[PDB]
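Please put together the full structure from these sequences, using the hints given.
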Amino acid sequence: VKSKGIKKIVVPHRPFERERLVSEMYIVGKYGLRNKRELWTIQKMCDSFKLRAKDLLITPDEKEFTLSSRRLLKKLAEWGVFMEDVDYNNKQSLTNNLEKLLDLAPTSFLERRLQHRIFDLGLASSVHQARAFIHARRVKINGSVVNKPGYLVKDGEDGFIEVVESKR
Amino acid sequence: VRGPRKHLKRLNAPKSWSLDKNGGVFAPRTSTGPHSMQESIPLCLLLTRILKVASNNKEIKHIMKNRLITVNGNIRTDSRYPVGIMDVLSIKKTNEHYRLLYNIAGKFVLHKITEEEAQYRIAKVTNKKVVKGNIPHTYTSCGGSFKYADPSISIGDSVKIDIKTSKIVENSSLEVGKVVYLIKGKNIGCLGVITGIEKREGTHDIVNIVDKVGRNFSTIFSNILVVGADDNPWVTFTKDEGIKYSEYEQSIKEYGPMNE
Amino acid sequence: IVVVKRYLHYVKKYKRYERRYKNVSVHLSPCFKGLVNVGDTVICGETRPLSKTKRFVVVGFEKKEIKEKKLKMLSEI
Amino acid sequence: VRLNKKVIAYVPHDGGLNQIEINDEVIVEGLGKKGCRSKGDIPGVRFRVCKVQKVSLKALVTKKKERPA
Amino acid sequence: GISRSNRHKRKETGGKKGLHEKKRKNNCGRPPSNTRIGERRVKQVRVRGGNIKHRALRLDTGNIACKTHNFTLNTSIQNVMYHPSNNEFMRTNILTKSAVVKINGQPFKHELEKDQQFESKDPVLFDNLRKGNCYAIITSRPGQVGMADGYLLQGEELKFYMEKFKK
RNA sequence: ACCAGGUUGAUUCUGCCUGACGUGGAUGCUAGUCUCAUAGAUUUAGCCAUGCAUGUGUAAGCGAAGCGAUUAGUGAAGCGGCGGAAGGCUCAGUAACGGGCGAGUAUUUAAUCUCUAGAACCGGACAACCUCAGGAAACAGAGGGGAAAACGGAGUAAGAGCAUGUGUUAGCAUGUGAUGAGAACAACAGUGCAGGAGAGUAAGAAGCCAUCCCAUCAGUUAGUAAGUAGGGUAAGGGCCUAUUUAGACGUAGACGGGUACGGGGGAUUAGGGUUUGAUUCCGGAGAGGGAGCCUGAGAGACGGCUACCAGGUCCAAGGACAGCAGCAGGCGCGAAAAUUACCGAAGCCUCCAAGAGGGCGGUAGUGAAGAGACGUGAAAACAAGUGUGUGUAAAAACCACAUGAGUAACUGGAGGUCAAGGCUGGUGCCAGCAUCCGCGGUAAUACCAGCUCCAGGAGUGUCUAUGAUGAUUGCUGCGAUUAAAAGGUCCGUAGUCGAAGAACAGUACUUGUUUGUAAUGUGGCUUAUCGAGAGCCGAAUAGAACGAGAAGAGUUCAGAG
RNA sequence: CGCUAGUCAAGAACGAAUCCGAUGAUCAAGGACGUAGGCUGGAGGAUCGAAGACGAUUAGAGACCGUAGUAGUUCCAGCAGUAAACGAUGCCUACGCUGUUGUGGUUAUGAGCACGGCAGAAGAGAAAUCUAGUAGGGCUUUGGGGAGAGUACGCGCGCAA
RNA sequence: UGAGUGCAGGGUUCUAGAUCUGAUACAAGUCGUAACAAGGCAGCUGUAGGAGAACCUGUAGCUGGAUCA
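Chains as they are written, first to last, in PDB author numbering: chain SJ0, 2 to 169; chain SE0, 2 to 261; chain SL0, 79 to 155; chain SX0, 72 to 140; chain SI0, 2 to 168.
Since the hints were made in silico from the structure, they are not lab data. From the three backbone atoms N, C-alpha and C, an ideal C-beta is built for every residue, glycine too. Everything hinted at is true.
Far from chain SJ0, by Cβ distances over 10 Å, these chain SE0 residues were calculated:
#1 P35
#2 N96
#3 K148
#4 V211
Interface residues of chain SJ0 toward chain SE0, partial, derived using beta-carbon atoms under 7 Å:
#5 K64
#6 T67
#7 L68
#8 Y89
#9 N90
So this is what it looks like as structure tokens:
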């Protein structure tokens, strides 16, 4: 049926391709994700930014290039993903940095997720018990609880994250 | 259809009214009256949105049953009465006065004025005719009619009206170097000064304009109202004086020019 | 009289054009009676309906051209 | 019922023929080729049985459910 | 009843067309009014938008204008002499626009006699008026407007129409 | 922007079958929590029990009975006024004024706006009231009063058309004239109604351009093509009729037949494409099938009337009534689709209204059609429960605090394609399995089971249409010596295609400026714990108006051949 | 299309300082020719020989072989419209390596132009081989896994086949 | 202006039918052996006769022939 809402995953063309199976298995294992759908969701997000960079570099006009480059780079800096010293009002560096985006990887999006941040900031003994503190309300940000492990943490929120003891 | 249309679906109503798509299926169908349906707004949208003084239909009723609201000097009692551009709105209790103008985006907006500006409006001249008993007449854009005005006023000019006497006060014509306001098109709500006019036969005349902060733009005469005797404007315009910026210009102005 | 008008239509898939034509029946007045004939080009103006098929009237014409009935030199030169 | 033709259908499972009586109602299904075509080694048969008396034949054969009676 | 729509009509190429609607009132027609000569009888018809139209069934008289001398008179109508569309409307004496009619000439005779040049300007009219012949043409539409009005035939118009009457 | 298995004793090719992946319906087995959408379209535009979906009164049109009164009052039966032509449902018919873009006439328009703008007398009835009183019912009679801003007449303003001057063209002058009216009331301090001229809204008719398959359908048409004159209409017109002229349309597909609600849009997609559109917006048509119609500003109306045909219902047998492609609901038909639920609240529409009405619309209930976010433990310490408050029209859910606690996985597979066992027991070309290739004749990693593994996971298998696979439909981009494939040879019309040199012109061609897109989609930003969601911004297709450039295309010339 | 003379029209190629100036390429519909065998009418009839009849050979031969024998095989006036009608390679127009051998004209005797054969090479192609090399030049015909099937129904031509 | 309904015809789509005649599948039935080797008369295309049946015979053609001589 045709109805509201987008679809956020793309199914792989070959269901039993051995190099894909092994490399996916590793990354789910290491990062403590629920199933293959969590991973595929991040992959589509990553692809979208790569497409924008491609389009910008090949555009003929200057007005669009100067306008939309800035927006793309600023956004990815705020998420804490693309960390480099982009200088504005300088055409060459904008081109240089756009080229550096083109080999961005899903690992970089994964490491901004709250489940990984909690463990990485040494507030939990494993990526597993980090998830188990996001459930059951033990994790709090700016004085308010966050129930969802997929919460992507912007650059500089790290000062305000906290854990509290269990209710028992 | 067997007869005249009564309803109006919310997705079909003018983009100038600026009403939220999701809340309900209908919108108010303006009553017949002074301006066209595409160039005016019903009064009940003004009181609930543009200038918030009611929040429910029971309150909208009460305000007009008590006879509070005055438009062009007459008290109004139809909630679906159309108001248009250059159209003084007032509440005599608390002595408030407003004109109706466009945002730079082309939406409608109310602008607060003094009791001086509240005394006059502007319209455009559409036809001249002589009537039974050899009486000369003249007519205007918003369905206005005038008896024994100055004969020299020509079709296409713009005239200033005294609201208390309902007579014409001043006249201005379409010439190089006069101030213009933009009613319809790509550049609604812009304000500028005439560079040059190119005359066409049996078809609209093309007018070329310079903006106050340098930009040239041209449009057809059918979308322009002339809003001053020569140099400078009659009516007081908005908090921002009708300058429109591209997203590109907004970026340059925010983060600085691209250096060599 | 019957007037033919001709034009080209673009077919997007094959990136090429086809020739098309339409027939229009027009009113010719007695003031043009001897002057307009087959092959000539004509200008017509629009009006309210004159009959079941007729809506245009001939208003003037451009005569199918001759540059010159070419010169013959005198035998004396 | 829908055409008043009489057709041949195949009965899939191990003991499947025992789950059907004369004058039972059955629902019938396609073999999965592009046109209606024979599949495997069965000559000239073009459909297969799916349900008997409103219940799944797979459940009947494997004794997970019983006849409506 | 009667219709003015082109529902039933063929295409210009000769082919038939199919019907896509039942009939609509906004293309209704009405039966002809056949105005006869006789004592006045006129009917009032309620028309679209609530307007009224006046339909003459019988008429006795008309206003008739003299164009050269600029006066108008009111006179009886005798009979139709000629009708351009159909020979039948003449023999049954039915009134329409462009019918040519015989009238009482005496009022016109009394007026035109005052001009001392009258005989010299139009001898054939003068002769007709002596012989008791007086001919006029109807300009109004009786079935629409509810009355008949016209002008007296003079000069070359007489010369033209009299050739249509003669056996 | 991608491949794999299958003709042979092996090999290299042509070629088709099958697998692997989106999406629309149907269905097996299994199912913890919360949020956003959507549901008798496909078959029968089949048939329908019941209840509801359209009515409205003020200080201010007329006011009967009753009640009551020092000649007051009341409180209203009917009449009048305004609406019932919108919205809701469906896709039968239509290859067409059905669809897109421009333009504003040859037209009519209750309400509403601006300017302007009204000295008028007389008479009956109809309904309700009162007295009889019919009929099985549905529905009606006699007789007698009496109102209007209801109705008909009188005068009187006004006044269509026709003719001539003068200003196209209003207007004015003059002659002639059919027709022929008109509302006030209340003071809580206002509300109405007659005439004009211009607007505003809505139709009717028109201009240009685009529109499906069959040649085993090649000729079609005679109101047909045109002219003159008249009738008719709100209005142009063969719209209709009389006499004259023979036209009009076709291989660049006429005419006939079959099929179809049309767009904005949807699905797939590197690009070029291929498929669909009953279905939130716009426009069209219908109300069992056909046809006629009164009233009105507006209907060829069906929750109006009238007749036939097909079907029904009640009767006292004489007659009456009725039409769910509105909302619930029932029966059928099918492989196929929810509650005879609440609603002085939100968005709007209707009236004579500081109020009344609305199944239009909103709120929940039901269902693994679709789309988000999360449970099923951690190493010290875990959903779903419950109670208060909130929330709403009233609710439930959601959220806040406080109490208990310790519950929570299945579907398809394991010989190759294709991820994962020559494990143990039965069966012996049987019973079965297998999209394809192939297994089983007593030593079956392939059947039937046990046990371990694999894949996706609140989900997974199957059937059926379609897009991709596919350069196996080829514009980009395939083939024709031998695999399928160059007409036995010429002539020839329509069709498609056509020198050098010197000049010329602007309709195609390309491009500027201006128009042309609500939703959807596209580039963004901001707020619901997050993410779909919601709100605001910017640019945009095809199509049209006016300019510009002249290479290619086009037209002409001859001290060129 | 193969004996010799005489006669009657038109065509191809070659040589060269002739004339006209875009008159042209390809082709649904429509028209003309088309070995052999066959058919309608006339002439004729040597040789050969379908059908038919015998003799042998064989299990059986109706066939192959031998004897005999008819329609046809020839000519004139027509109908018909098919072939492994094949170099199984459409028609115009291009760009393209060498050696050798022909046929007809012309020649500074060095060579050319038209129509051919042959042998290598380089490229090409699944190979065999090359009318197949290079290529978005123009126009027509035509194929889309085997079978059923070039069959059924309708239609057009023909005396029939 | 016209619903309905008489009587003849057409145009479409389905369906019945004694009997005849195609095709396809027939584990392996009966009679021969026509093709693939010079397949025991080299094969094949057109046309015309004949015949239980494959097929045989005359006439013109082709090599995809058993010969590039």
